[PDB]
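There are 4 protein chains.
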Amino acid sequence: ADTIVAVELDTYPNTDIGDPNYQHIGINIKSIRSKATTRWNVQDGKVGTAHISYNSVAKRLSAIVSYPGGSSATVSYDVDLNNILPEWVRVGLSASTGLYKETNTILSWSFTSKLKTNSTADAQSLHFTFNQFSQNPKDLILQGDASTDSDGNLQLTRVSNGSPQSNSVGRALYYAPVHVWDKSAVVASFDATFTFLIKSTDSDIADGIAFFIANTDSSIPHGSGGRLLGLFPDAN
Amino acid sequence: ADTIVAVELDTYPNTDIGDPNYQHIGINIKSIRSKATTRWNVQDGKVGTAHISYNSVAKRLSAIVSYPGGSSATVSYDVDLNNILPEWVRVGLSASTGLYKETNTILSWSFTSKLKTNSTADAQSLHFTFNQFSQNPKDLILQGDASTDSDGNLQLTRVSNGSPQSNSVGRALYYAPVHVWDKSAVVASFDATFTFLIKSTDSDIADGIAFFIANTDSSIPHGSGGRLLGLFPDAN
Amino acid sequence: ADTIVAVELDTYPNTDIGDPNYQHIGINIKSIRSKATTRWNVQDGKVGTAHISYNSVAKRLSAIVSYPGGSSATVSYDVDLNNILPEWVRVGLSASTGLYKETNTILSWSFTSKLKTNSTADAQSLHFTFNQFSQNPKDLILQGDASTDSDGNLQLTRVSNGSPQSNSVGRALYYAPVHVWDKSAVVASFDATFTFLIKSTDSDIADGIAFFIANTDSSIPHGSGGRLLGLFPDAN
Amino acid sequence: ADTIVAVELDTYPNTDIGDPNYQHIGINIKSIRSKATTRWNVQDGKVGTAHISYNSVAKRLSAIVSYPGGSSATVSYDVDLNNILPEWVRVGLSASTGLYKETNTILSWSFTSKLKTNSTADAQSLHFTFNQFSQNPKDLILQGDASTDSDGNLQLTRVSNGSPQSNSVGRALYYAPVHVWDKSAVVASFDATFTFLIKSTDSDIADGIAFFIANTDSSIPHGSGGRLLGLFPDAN
Ligand SMILES: [Ca+2]
Ligand SMILES: [Ca+2]
Ligand SMILES: [Ca+2]
Ligand SMILES: [Ca+2]
Ligand SMILES: [Mn+2]
Ligand SMILES: [Mn+2]
Ligand SMILES: [Mn+2]
Ligand SMILES: [Mn+2]
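Chains as they are written, first to last, in the entry's author numbering: chain B, 1 to 236; chain C, 1 to 236; chain D, 1 to 236; chain A, 1 to 236.
So here's chain B without its partners, still in its complex pose:
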């Protein structure tokens, strides 16, 4: 069993597993059942942006997701990840489709991580930025149906001639582990941005996209398809 922290952009209401009866963004600690959600209106066919934030002093994980036009939803949860996440983790993006389907396309992705103690110049930091993904992205660990198309976009779930398929899971985790805690740590922070394209010719769509933090050796759990977004073995 992995340890998962996630921000979900949930495109299909699964009210049998605790979803609100609407599309939503959620903060997940160790369970598909979000600790907090906010109503979110998916603009089918438009490029969205999501910004995710945490600081071990504030101890508040927050996310905002908006579309051009200025529709934006936000969600926050007070939590001390310090004592949830292992001291080394990997960061990633995952998506799923089930019976209903959508493209789950990542157009760009940024991440910044900091570990500090007794100075400006802090014991550790990582920063990566993709404003396009290459044909063989060697710094991404691709899981399930995740791959990159020739426009330089990362399709987390299967697409056939631009057209999305049923029951697909995919994940991309950055190759290098991220040092999120130490015994001598004073502050830890991370920031993530990604842009995304949820599209379908149909109007009922599923299942969503998540940004997640996990133990370094995390892999798609068995039976994590559709509503579990490739993150959880069961409907926790």
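Just to be clear, a hint being listed does not mean it is correct.
No distinction is drawn between identical chains; accordingly, a pair holds when it is met within one copy or between any pair of copies.
DSSO-like mimics (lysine-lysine), calculated; alpha carbons at most 27 Å apart, straight line [as the list claims (entries may be wrong)]:
{"id": "1", "residue 1": "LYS46", "residue 2": "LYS30"}
{"id": "2", "residue 1": "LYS59", "residue 2": "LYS35"}
{"id": "3", "residue 1": "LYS35", "residue 2": "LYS138"}
{"id": "4", "residue 1": "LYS30", "residue 2": "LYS59"}
{"id": "5", "residue 1": "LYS30", "residue 2": "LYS183"}
{"id": "6", "residue 1": "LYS35", "residue 2": "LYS183"}
{"id": "7", "residue 1": "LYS59", "residue 2": "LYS138"}
{"id": "8", "residue 1": "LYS59", "residue 2": "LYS199"}
{"id": "9", "residue 1": "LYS138", "residue 2": "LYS183"}
{"id": "10", "residue 1": "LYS199", "residue 2": "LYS46"}
{"id": "11", "residue 1": "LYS183", "residue 2": "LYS46"}
Hint data in this document are derived by calculation from the structure and do not stem from the laboratory.
Following the hints, put chains C, D and A with the ligands in place on chain B, whose structure we already have.
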């Protein structure tokens, strides 16, 4: 009226103006009377580090100040900084001494500010670092007794041959105004770190150091010395 | 007499003053007469990008400017900017029209300056990016006709409801003085990027755009319209 | 085989394989026989700093090695790495001892890489900073004798108590491969800084420290000890 947000490292208790009866770090919104404080213990002669954070989605301002070897104090405040600051500001450091005194030596200072819209790109961002201040720093607005020394440190309050002077007040602000929000913006964030050296051969010390965010045209208010940290005209 | 280093995007060949007989990019030390040029082909109405690069060890200053679809020109000069620039400077963008005219539109601009010593942690960094300029850009010193427009673009040169005007000059300098050199400095570096739109309804266009490093108090010299790119007084 | 590009801090003159007859820094392209060298004076027991630099427009790889109090040596070489290196690479630090020995201690290491196309915000970027190394650094591929001591330092070659061993080789690579070229790429640059401690009780020391760039799967080649710095299998 200036318009001040500040994190104070308050080395001298003034219980007639709301201080706890002990040394503290605090968070000041428009008043020397802190909206929150935490007990903190100055380690005379030692180099300390302060990390200040804020993100407009979490709306939680927070500070932590550590000394090497594991002692540290943290304080945070829930505040929507949009309610309070102008949308352009200047950021700086200030310190004071009264009857009692201490060096207020800044040894390094970093600041990062981001605006955000709909990309991994930043509608705007600024980042500066100083790990040593030059003898004539044209990018700092020096106010009052603030001056840099021949080690390459910033001595906010007067110093002669090592020994601190009484009744000194001094501030340093970064030359460039920072754009801390636009209504046409999705998220705004800043992060500040500084390392400092508070020292006396005396037994009582005063009055402290602050990181502060003020309107662009801010200057030391009349009678803002001593307990007012060179930030406020009165004790309101 | 201003001290000037510039990278020019020369859109009009003024051969009487040593331009080569075609549109070009140049490296200007202290004079409108570039110490090196390379053929450059302006694509009227397209968004181009320039990247400028310098490192005090390598002592080569270079620039490349490209349009989408693989069209790009590069110029380099071996030079020791130590012995040319003052310790403190300002950085900016300037543009001009003469009889012949063009839009000198800037869409985004970033700069990074580093001074290093004997650390992973630089003695001094500035880094700014603009991906859109606000309508009162309090952190840019605008000179001459330079202003920002309602789409959040910086128009260095006069535009009258869509259409560019003749005999216009305009510069935009970053408010904060940049510390490009110090004597305890082991390395100094900088990089700049800007994207630009050069558009025109006429066949013959002028005069160009330049990025430039100048003494802190630099202003538009007198009679520096047109071929002199708002940069020099004479043509020597 | 491995395709190596390296900057060597060569502490022992092996003149019978091209080394000059003094301690030196050198630029290595695919051979231990440096394409360029400069005389460099090792300071036994002192912390030194290397700054390494490259930019695909300038096509100049340069390194500077300095010690406090004004002792710098610089080397550089005109090369177009574009056509030398693979599209993906790993980056690392290597060192060795032979009969004569030294500590090869890395106190800090940072690295920055960029792939630009046409925006201010580029296609691909990586940056990591270590100002101390963890007890198990999960983001570093440790090879041969490389390991981390309890002071947060990285020991490339074997050291028993405070004492250097004989015939040691060890390397550290960053976990994530680096994207140093793409077909849509317009500019590619990198920058590396590390601080080191070469020390020995005895006067004559060996063999030295390298910053190197290799194909992703690179490991210590057979028989690459001592004078080959754990970089090349032979002295060609
Ligand atoms: Ca769902
Ligand atoms: Ca007080
Ligand atoms: Ca011209
Ligand atoms: Ca040798
Ligand atoms: Mn949900
Ligand atoms: Mn107080
Ligand atoms: Mn010219
Ligand atoms: Mn050699």
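Exercise for the section: Any hints from earlier that this structure breaks? Give me their numbers in increasing order, please. Expected result: 1, 3, 8
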